[PDB]
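Only one chain is shown below, in structure tokens, and it's the form deposited without the ligand.
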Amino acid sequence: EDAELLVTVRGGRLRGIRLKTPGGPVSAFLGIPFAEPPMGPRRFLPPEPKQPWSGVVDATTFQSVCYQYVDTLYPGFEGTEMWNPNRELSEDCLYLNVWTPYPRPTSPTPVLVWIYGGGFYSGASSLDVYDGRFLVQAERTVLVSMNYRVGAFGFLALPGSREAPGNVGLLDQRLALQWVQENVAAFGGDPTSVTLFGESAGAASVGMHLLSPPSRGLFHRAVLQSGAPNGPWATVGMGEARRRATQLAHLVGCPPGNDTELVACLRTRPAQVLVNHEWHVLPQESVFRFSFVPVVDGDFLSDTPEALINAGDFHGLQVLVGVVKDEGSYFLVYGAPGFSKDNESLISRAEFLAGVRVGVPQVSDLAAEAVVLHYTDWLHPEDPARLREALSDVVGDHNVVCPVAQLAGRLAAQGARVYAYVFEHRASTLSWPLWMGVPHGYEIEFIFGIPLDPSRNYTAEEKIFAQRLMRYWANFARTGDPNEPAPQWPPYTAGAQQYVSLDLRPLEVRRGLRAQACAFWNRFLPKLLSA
């Protein structure tokens, strides 16, 4: 029997599996339990470390996906099904995965830790696009990814209560990071060189461990793709979190009042029941808003991410951040009037103004008017093509680009070394319509080297392009610098605001992550709402 696939961690013995790659084999240990199953009385509770086991845990297959909604907008469509659960749903879902070179490294290898996105309501470490076999073979790193609770199971909060303190999905992530510190050396990984990287809610999640001291000692570098902890969707206040949690209880037949009896009744309901009602607790119609997200309650986050970002000292931190070219387009088909993947989505002026209230929810009429002013071309006020692109910019700037730009500028101006990118290559295999451009999430398959899979239809230059990106990411993980020692990728600074475009052409350096648009979102609009 292959001794390379047998590992002893602190909890007991594991049996892995060898995987094939166009470049040779890698070792994979999938479905490693890192917590006790958060079932029954453990629902809504912080995770507890997995108790030691006898015998050999079978770590040859992905474990269950945490209970979550399944997208039904375009049934059977590749563009949406690639994000849906590809394993059975269960609350018994707190498992993690380790990929390492074959044979296992004998000297400490830098570790990449992947945190998936999905708006804190969905996601799984087992999706094909997160397959960690190509990056590990090509770049000789250890790759870890974990499952964490999403939706109500991960982020329902009755602030102050002990039965539902909130943020337990983030504590799932932290527990996995502690697991990496204690056990990754058994796989050949270096616990003193851990780089977190995540996308969308995963990137926001990464932002959060940076701003939470108990997590800060568990990693060394960070990569935030198309997400930030200061996004208007990534956190919720204590009052709004309580209201959302109490309405969910009402919608599923639970009282009132008292917090203890409410959580007890919620613990009696099948997981699928909470999933089916979780979306009817949002205060208004919206895109890019999610019911149960991290709560700012003074514990995991002692203050708002913005407050912590502005006050933090980030000397000694290296971060890689970036966005895709069209962050907003993907979200518009989930509620913006007139949008659909199956026509040109050439909306009218009335639909554009309607879409602004959906894309910028819960703001005063004056704030909405301000948005319409900045994103209108008053020489072509009614052109459908520009209106379609304008609303995509509104959603993309408000939710992704400008939060990321704000984060990058504050970190750089306060001690961090920041590298910024814009991913501008539209994959030849992309199934979404052409008007969506380079949509949210479609840089991930290149970061993980999925184009190297010969079973897929990517072009030759797209394979080289994926190899470039894997090299950038792994360089950063190894040294805090993506550059290969062209042209050079310069650091992002608050003044010069330099970033690079990532596509098939060599690196091009540009200035300003939508500087004009983001001055509105990050400088003016906050002052208007507070007055």
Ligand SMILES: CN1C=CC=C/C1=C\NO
Given for the second form:
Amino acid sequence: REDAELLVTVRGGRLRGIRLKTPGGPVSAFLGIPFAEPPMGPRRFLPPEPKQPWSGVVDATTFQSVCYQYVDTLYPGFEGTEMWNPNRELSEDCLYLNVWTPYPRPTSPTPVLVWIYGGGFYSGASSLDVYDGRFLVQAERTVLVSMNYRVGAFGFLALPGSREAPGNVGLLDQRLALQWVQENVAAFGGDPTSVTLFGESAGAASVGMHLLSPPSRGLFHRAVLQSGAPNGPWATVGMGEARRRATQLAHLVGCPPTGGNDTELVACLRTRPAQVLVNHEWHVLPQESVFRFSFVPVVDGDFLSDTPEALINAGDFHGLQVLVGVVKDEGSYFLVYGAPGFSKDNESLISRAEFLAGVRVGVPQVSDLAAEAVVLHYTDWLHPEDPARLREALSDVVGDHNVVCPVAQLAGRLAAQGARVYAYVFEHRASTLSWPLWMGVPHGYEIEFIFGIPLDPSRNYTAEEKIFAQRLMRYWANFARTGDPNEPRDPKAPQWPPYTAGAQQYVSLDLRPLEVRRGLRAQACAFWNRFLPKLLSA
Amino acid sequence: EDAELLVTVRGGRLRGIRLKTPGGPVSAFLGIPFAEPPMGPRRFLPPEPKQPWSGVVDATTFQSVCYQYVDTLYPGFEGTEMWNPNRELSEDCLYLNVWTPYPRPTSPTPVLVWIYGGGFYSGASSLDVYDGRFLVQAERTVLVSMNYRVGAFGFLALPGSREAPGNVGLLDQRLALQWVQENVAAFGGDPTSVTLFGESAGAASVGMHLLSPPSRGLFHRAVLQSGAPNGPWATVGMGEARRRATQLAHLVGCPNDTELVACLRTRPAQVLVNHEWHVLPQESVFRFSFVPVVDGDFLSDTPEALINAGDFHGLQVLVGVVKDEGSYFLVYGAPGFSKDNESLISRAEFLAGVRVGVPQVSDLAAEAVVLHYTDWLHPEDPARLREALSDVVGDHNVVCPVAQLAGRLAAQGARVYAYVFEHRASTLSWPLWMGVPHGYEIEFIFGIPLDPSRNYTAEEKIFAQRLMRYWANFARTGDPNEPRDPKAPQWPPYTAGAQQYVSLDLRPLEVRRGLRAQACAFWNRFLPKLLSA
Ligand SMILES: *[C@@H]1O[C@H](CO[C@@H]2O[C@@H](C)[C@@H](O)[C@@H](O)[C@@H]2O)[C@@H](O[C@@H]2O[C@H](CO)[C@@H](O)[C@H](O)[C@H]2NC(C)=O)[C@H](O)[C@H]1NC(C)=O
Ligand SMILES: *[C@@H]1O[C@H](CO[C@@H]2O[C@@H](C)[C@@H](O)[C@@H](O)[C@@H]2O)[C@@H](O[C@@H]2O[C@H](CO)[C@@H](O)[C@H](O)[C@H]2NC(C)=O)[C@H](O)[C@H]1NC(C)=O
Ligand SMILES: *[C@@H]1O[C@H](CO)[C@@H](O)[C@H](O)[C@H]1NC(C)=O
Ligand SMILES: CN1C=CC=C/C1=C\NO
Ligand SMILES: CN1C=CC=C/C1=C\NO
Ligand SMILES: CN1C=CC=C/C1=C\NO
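What does the same protein look like in the form solved in complex with the ligand, given that the last one was the form deposited without the ligand?
Let us now look at the entire complex, which starts with that chain.
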């Protein structure tokens, strides 16, 4: 009749899950568990209300809907873009989370990994193939949780001060999910006293924001930030600029029939079909740019009491372990989304004039003086016009400014103020990668190795990549268990030393064994982190 | 009586002296007066041409050194005393010197004219290290050098006033160049082939004659060693010149420009000298109180402006620098530095040093300097900080201004040759940490190592001879390369794109690219934008 392993009771009522086959054995999956009331109609732009209790059994047996979001059409049918696109129907009814646990359920409480996806806060879903929790769970016997959270206007449109669209509700979705894990994860055999958040890009920035918001901070114990940071220039917005964008979006969809009463304005926004808001979303940004997203977390004194920069500098982080890193070519992926001269389908050997124009696109909303400073640092003045070098340098500009230097700065401050920090650079280019060779190791392409996706028999990774995947999964789960990625009791394997503000040590992750190196682009990030902000104040 | 040592010039008759060199004799005429003594009412005024004399001027010894400050940082030390005056001080100092082959040439011989450096506050044509005898004998040029007024005497300016118009030290130099045009043929020199060369403020001076049309017809080619007229230390604006002149007056008890200059003229020369260092705005190495002023007369615009606008087709220029331009200057005010230890400074000392070595810029400007010159993998390592501050000082004051001059001239039609001088003299008395310091290529250019009473190596004498040949080749033809010499490695012209220069040392010529191009991009391209906005 019924399999007891696939049956679990949580505070809201009863759940039925599914038994998944994995290469190494079975896993129990509870997919599409409701954790909030659907943020529908009157509840659009509002904080999540906890899911009301239910009688009977909810089938948590497949991923639920993707939150409404823009769908990338740059390269239709192309694997490199389609792998990030929604693989379920779009709906505002999307606040569901997923739990993977070993089969049979653990007898003693087990460390929990909680995944937060990225996607510039305008996109993403926990149902993407590349976030499939089944391989980590089988290989490392952790519990894995992932949640959907609202993105775009639905998650981060903000009219600061107003009760009808307070902003940051996407982050509140994540927090509600974290609360859910505390109350309920023990029913799946997981340890609420050992929870590790990990995320990539906007998900890493989310992880960092939970670090800096005290009501989140009690809900977990460690953090992993992959290729993103909360202090990233794309990751937050000021109250006034948020209002400006909300208001311009309202305006572009006929609300009201500009500004006025906030209650009236939001009520008119609530009568618009979801798809209509999505179609106008990209038209509210101040300047045309790769790498900037219309609706993002707002610094408003509530969720974030100050800018993440301030909060990072002022924080005491004793008792905290953090794992951070970047891929080898953070910037390259973004250039084909607007930098003049770039395409995945040619070598993108740009001119000097194209480089200068690309700097403005890749570093939006800085003064001319600031742009000149960037051109100075990044030009090789013995080869000022070599196209290949210019292509590489623009990739460096975009990557450094948006990912590498925000991460480096976070890493150095956390270390200096009490946290044990570990840092990596991911340097392996997947044999299956469909982006062109000039992009090197692009943003996002470590994720599939962390999740053990190469162990999927239907895919065509090499045996060495499968070994590599297993190494990474081991590092991540070691860190989740102990706060230290190093093998507890393995000596003759090279050690991953902590990252500190002085020595700035990190390891390279690739097919070769760990190599220790110094400095997360230290010379470059001194420009972005130490000097440029002094210039913007003058 | 030796007829070779008798010469008549426009003003009258002269008697010279025969000098010895290891390669044979040379004729020297030393202490030739080219101006009326700029004394009394003539202090601060433009030079007047020397009135004609009767009888024979004795031109057998160096004349007096123009009044200047005497360096007392290391009393008796060779490294400093070799630049100090070696004749008594006097305002009656406007004399020049001519060295010629013996017997005097009987066909037009190319002329080299030497303008000394010393920050526009010091220097003399009589210093041992500027001895013309070896170049003249070895390369068969005529060599001329002049004294010109320095310090307040040469560059005190109350702009708009006719009592202290400024730049008269530059006019001293021009008047000597005019003297060369009118009189050098009498020595066998060719007035249609005159090459100016100079080092530091002398190099800045050469550049300034390039950029001033009344000087430009007085010579044909130019050599700028470790200096440039666009140096941040080489000129001053009218407003700031007036302020400095005014603060000198106050410091020496003087109170209307006419009244002010009149009072200054009543003061003993030594009194002006004693106060000159104390008129500068802030504590600094590498800044000098009285320098050329940009007032629309001698210089119709800034040398930067003039350089960018100029048409320089038909000009050949030789420019260059020593391997370590900054190091010598650091012992004159950079905290932590001494010639008598390793000068392994702390980062606090480094940061303090940056404000001294790059004076009168905003905190933002200094921060940017500190950014570009810090190794952020090793922000506090003493040796690297010592080296980096040497780079800051040398790049800012010498290398990048020379690089900018070279680039602009080449791109606007000049043929430019560039070098880096990388040989450390076996006899050098400054510490090893200073490398090849400012000034220490000069002795090789003048062939001082051929002097048998000095202790240079055999290889160093051969190197001196190479350099004298390059310099003389350039003077004769606008090209330092050995005219027809196939298998010897060639010195290519410097261009804005390829930026090629050669290294000068005991090794054969080696071609390299870029005069600290990454660093000078900062000083020449970014930093001006910053200060403007
Ligand atoms: C490299 O590609 C870019 C992108 O253009 C597209 O992709 C190419 C592979 C090719 O299929 C083109 O037909 C596509 O238009 C090129 O940049 C574009 O150039 C066209 C015409 O010159 C211009 O109208 C577009 O605005 C340009 N787009 C951008 C973003 O600048 C680029 O010229 C290609 N370089 C080559 C072929 O050397
Ligand atoms: C290197 O020397 C400098 C210069 O100091 C002078 O010269 C020395 C050789 C020695 O004789 C010192 O006593 C002289 O004062 C040192 O910098 C000085 O440090 C003292 C304090 O120790 C300070 O009062 C002076 O102002 C400093 N001078 C300057 C120019 O800043 C420096 O400490 C020496 N380096 C060492 C010892 O490692
Ligand atoms: C906006 O309109 C509502 C509805 O009538 C009313 O509460 C008030 O006029 C406005 N609300 C606020 C908070 O100003
Ligand atoms: C498009 N996208 C969305 C989320 C994370 C990564 C990503 C792209 N990497 O190339
Ligand atoms: C020796 N010295 C160095 C820089 C500026 C002025 C100076 C001397 N005049 O007193
Ligand atoms: C002190 N001085 C004066 C003129 C030229 C060079 C010089 C010093 N270099 O060490």
